[PDB]
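A.B. asks: Could you put together the complete structure from these sequences and hints?
2 protein chains.
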Amino acid sequence: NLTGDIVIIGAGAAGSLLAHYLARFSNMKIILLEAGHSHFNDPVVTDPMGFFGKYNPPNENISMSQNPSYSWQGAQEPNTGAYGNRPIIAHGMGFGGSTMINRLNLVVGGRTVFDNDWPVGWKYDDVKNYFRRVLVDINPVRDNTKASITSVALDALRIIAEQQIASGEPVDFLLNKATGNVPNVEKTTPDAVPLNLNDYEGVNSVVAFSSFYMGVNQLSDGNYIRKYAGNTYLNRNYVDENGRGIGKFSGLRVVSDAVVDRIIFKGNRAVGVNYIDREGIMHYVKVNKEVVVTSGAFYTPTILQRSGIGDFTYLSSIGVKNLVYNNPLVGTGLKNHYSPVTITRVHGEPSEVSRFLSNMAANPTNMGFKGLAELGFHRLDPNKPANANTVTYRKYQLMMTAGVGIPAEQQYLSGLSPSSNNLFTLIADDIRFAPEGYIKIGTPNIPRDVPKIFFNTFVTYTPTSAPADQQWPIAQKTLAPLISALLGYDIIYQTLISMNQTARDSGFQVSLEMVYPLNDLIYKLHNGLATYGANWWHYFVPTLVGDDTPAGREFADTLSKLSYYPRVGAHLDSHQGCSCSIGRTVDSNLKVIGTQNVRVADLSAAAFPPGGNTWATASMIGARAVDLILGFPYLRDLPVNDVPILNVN
Amino acid sequence: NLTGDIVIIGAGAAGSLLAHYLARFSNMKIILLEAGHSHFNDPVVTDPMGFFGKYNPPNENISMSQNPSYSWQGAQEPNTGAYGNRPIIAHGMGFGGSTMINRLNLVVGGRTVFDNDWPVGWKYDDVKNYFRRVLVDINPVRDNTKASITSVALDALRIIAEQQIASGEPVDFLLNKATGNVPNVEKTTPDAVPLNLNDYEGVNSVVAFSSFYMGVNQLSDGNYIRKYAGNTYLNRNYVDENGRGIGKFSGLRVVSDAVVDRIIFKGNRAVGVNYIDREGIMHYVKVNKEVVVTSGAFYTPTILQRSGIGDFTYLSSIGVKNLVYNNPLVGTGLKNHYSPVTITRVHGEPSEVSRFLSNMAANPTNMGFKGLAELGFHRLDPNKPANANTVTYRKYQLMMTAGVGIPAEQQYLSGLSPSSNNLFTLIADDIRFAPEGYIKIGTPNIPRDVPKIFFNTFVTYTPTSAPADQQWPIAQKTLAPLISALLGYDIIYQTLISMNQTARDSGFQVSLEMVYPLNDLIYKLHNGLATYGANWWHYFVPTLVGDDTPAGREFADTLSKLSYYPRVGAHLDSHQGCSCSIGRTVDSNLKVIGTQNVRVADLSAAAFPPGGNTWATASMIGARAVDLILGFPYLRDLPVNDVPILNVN
Ligand SMILES: Cc1cc2nc3c(=O)[nH]c(=O)nc-3n(C[C@H](O)[C@H](O)[C@H](O)COP(=O)(O)OP(=O)(O)OC[C@H]3O[C@@H](n4cnc5c(N)ncnc54)[C@H](O)[C@@H]3O)c2cc1C
Ligand SMILES: Cc1cc2nc3c(=O)[nH]c(=O)nc-3n(C[C@H](O)[C@H](O)[C@H](O)COP(=O)(O)OP(=O)(O)OC[C@H]3O[C@@H](n4cnc5c(N)ncnc54)[C@H](O)[C@@H]3O)c2cc1C
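These protein sequence lines map, in sequence, to chains A and A'. A prime marks a further copy of an entry chain.
Start counting the first sequence at 54; every next residue gets the next number (the entry's author numbering).
Start counting the second sequence at 54; every next residue gets the next number (the entry's author numbering).
Honestly, the hints are just simulated from the structure, not real lab data.
There may be inaccurate statements among the hints.
[Unchecked claim] With the Cβ distance kept under 8 angstroms, some of the chain A' side facing chain A (calculated, not the full set):
| hint | residue |
| --- | --- |
| 1 | 123 |
| 2 | 369 |
| 3 | 370 |
| 4 | 514 |
| 5 | 515 |
| 6 | 518 |
[Unchecked claim] Facing chain A, from chain A', some residues (calculated, C-beta under 8 angstroms):
| hint | residue |
| --- | --- |
| 7 | 365 |
| 8 | 366 |
| 9 | 367 |
By construction, the Cβ of each residue, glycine as well, lies at the ideal position given by its N, Cα and C atoms.
C.D. replies: Below, the structure written as structure tokens:
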């Protein structure tokens, strides 16, 4: 009963697309099991303002990500590098996966991030068509309400970019080699050409723009809707309430509220998978040809290990009765970003400061994401690729936001009350984040929301009684995240001083200065950078360098004092992935090593995170997997003018 | 059963002509379905005074347009721009469509209105013969009883026209470029040549005349009859009570009281249409070659959308099970006019004021339509075509009427009791009205009288915290209808002062002044126009200009105070159309885009409303469609001396 040539686990960001383009482009019987259910008529999801809690009950006013009925609750172990706290990250449960609860921003990643870090047969020129297909299928829209702050910021970054171009340094964070001598920045003219950060040819690596492309749409009424995988690939036009396909998709048979705990094996090939229905009773599903797993970043290692594939020593220590294959790499090598935050306050006359921040309110067409640029490398960064003098990378993503987005305790401590209406927010984050972790299960019975999740982000360095030059490379490798965070702070400071001069030039007689990071510290950091140079981070370890000069010890105190911001004055970005990268757990065909008929086709099978937000990465993976499993480039050849018909239901 | 090569939906203003000239000029079997029935022996329709209710029952004294047994009841949504009211507009149901309940006035439109706004292959030189055919087939007659007021008005407009000609301004509302230096105004001589506003060569764009051409006739008895499509194209000479043609029209088979809710399709071509008879039971009609739809302005979008052609997202939201084609333009871009009204009272001796308004009573040969001119553009109008310095357009239509035609509440508030016999009426209306709307269905089951009809006419402008010169074009575009209404008021004021001086010159020692619009406001508006000039409308938004001078704030108060007249002191003219303009829903052959064998040939398929009343536009469309569907210019070549024989039965 309930057989299937291809069995798909989870209707995540790639599961829905895989099921759709697999049922349509073939004639086999396909069955999909998803833990969540459709939310097509849920006002909290469809309305973009539901992210801010416009439909919450009065006595249960919690966020959608913190609701265990919408997402997995992945509580993590205490963090040695984050002052011994236990933050909780979530994965959206339901059709579309984590695209039901995100902030609806799309980035493609770039050209170099796929050209260098990815293995052969996987570069940008092979996934360009899949990326374009995904983007046109989503069909995003830019921001509609334009503000005066954005033009001033654009001209400021333009001035900084032209100064850096005239400088002659090898690489900086406003240098786009593929463009040329002309700075890669948008124009402040009201009739400027809208510059895109997702160009089809990948010519824009680091560049300043005016807006991103939200995953929203405007309806005939005037209401805005949320566009994501669920309402783009698996609407009512294809699957009914009985979970059956119609038309040429009749081979698909999707089952909702179905979580699968284990894949049954015959020793080296899969024969069936079992799930538990809403009755609380178990069920059996028989697999014919292959098994597809789309369980997301944090939870494909668990389903792989619990099913019998993984480190046999630790699995035996846990108590796994049935063992299949032994790799010491299952679940290791996952990556995630981190977003330090800064707050800038404007001082002046009330009218001028009220007019300066015009057109900033949270709107469904932007969700507060005005955005500035995807910045690159710092001039003082020690940890840079060897071939940096040949290509330009992506390291930072500068985005502007209204209000003061900071944890409440830090808001009270710093005094930045949201009642103040003369301040805004800009965020610089790291997309090539260094620190790494691991996931291990604790019980081989059922997939639980809390496995052993060790993630230490900003660790320190303990000097030893060894020669300094012998140990310095180790310290440089270890202290990368703090270096990146402080370089981001310096970049924000340069952008801010350019903002001040440009705003004074543009007729607004106001001044913008940093207040949140205790500007004394930031100004001292800038002075120390200028007076020291490439060896600025040597004083991160005070007793190792042993300068013992008042300037040197004061800089050591400043560096130790400023390390608290990157650790506590931010919130962790939920872009985890790449826990089963190609070569570690799967080959270049996304098939498991040593196994015969199991395939994994989500973000968990990514070699390295992209140079941007990873919405399109998962779907793209699925798209590629569609033609890898079918055997012909059916999906990649389809013309650009073919999008699934969007049904609101 | 009941097959047909050509199936015609509705015997509207164009349906009857289409059926007649299609059955006569071909040999195919034609079947016509109409929701109404013949009213050839109904005294309310035939008698022109039936419009004023001369045959109403004592306990059901309602107008013919407000009777749901004669017309559709198109109640509209609340109007933000009209103080939140819900006026109801109607479409005449029966043979001839809305020509059974209209006021029987014919205008051709002009030369420029077809030369500029219409696409290629559709200009005036291509539809001149169709227009002449329609006019000679109707064979209208002018007014018979001439009054003294008309000559005085004609000489007043002549004086104003010669002054404007001597002025040298680029364009005004008594400047006809095609005529020359001599003013385009009729002569006050008793033996003057009757000037026509429907000249075959289209040389009269803006010109003053003495009367229009009513759609009436005088019978041998002396009784007057109503001439319209029903008694001009589908009399007893062609179709009997069994709905069968006779003679060379025997291929036609018309069915009355037949409303069609949906056109059945085979995927891209129509195969049949279904209707419901007077028994209340359904029926099936099979289509052979093409389907013709003539359902009128408000109701062709509904029949198009409900049949499966239109915006698939909104149709799916409604619940349309069968879907055909997807356009975001079905039902959008419709136009209608609006007629502001003014009342003038004469003060003097009772004998002189009784003699001044001689020959004004409502007569079937004029129906109170003495009329003055089709006026043009104002000198202070900001919204004018770029090429206005090359051609002359039509914007206003000045017509005189007896009594006080104004809603009863406003009559009581202003005190203009109809018991007063020293006042008359003149109407200036906009034929190029700016505000636009949309129609959307709410149930995909049956054509209902009340779909979602959003029509906001006179909207306001809300200033923002932005530079004034940056936003001024937006305000100018938005505030067009109020500008046009106040310019019409100023035109009426100039005509009125010329009337006063000319009447004082012509031996009548009386004075004519405006009373209804609270003449203080009109005189202040004239003074403000004179003292300000082209930037008179800048004070429509008081805080944006920020003059804050007693004259300026007083003018702002006057402009805000005078905006109530155009909103409430009038009634909406029922000349809606152009909801499926060429290029939006149909091509230049009036055929639906993407469909194979469906054609629409009524006013709904008009690119832009004409520069006049749209009686002849629909029929003309049909005429053109006759030779488009047959393939040869059969109808357009027929000599001028061929009219269908008029049977009273
Ligand atoms: C607050 C927030 C904001 C974000 N903003 C952005 C943004 O602006 N841009 C961006 O690119 N990304 C953003 N993200 C991240 C983005 O939502 C996802 O990280 C991205 O879609 C990649 O993850 P995924 O969809 O592959 O994982 P998912 O597909 O979401 O992984 C979980 C899925 O697997 C299924 N599943 C898992 N285990 C099982 C099981 N045992 N049985 C059955 N089904 C199972 C679940 O039902 C669910 O469908 C944001 C995330 C959060 C939390
Ligand atoms: C009070 C009043 C005064 C007017 N005065 C003038 C004037 O002086 N001059 C002027 O030019 N115009 C005037 N008009 C407008 C004029 O009557 C029409 O607007 C003009 O004929 C253009 O509309 P139409 O005939 O194409 O629409 P119509 O043909 O009248 O549209 C409705 C027709 O379609 C048919 N129909 C619709 N839906 C269906 C269906 N589902 N099944 C079957 N049949 C269907 C109806 O039976 C009817 O025959 C006036 C209108 C009104 C209300």
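A.B. asks: So, for every hint listed, does it hold in this structure?
C.D. replies: Hints and how they fare:
{"no.": "1", "hint": "123", "in the structure": "violated (33 angstroms)"}
{"no.": "2", "hint": "369", "in the structure": "holds (5 angstroms)"}
{"no.": "3", "hint": "370", "in the structure": "holds (5 angstroms)"}
{"no.": "4", "hint": "514", "in the structure": "violated (18 angstroms)"}
{"no.": "5", "hint": "515", "in the structure": "violated (15 angstroms)"}
{"no.": "6", "hint": "518", "in the structure": "holds (6 angstroms)"}
{"no.": "7", "hint": "365", "in the structure": "holds (6 angstroms)"}
{"no.": "8", "hint": "366", "in the structure": "holds (6 angstroms)"}
{"no.": "9", "hint": "367", "in the structure": "holds (6 angstroms)"}
The structure fails to meet hints 1, 4 and 5 from the earlier list, while all remaining hints are met.
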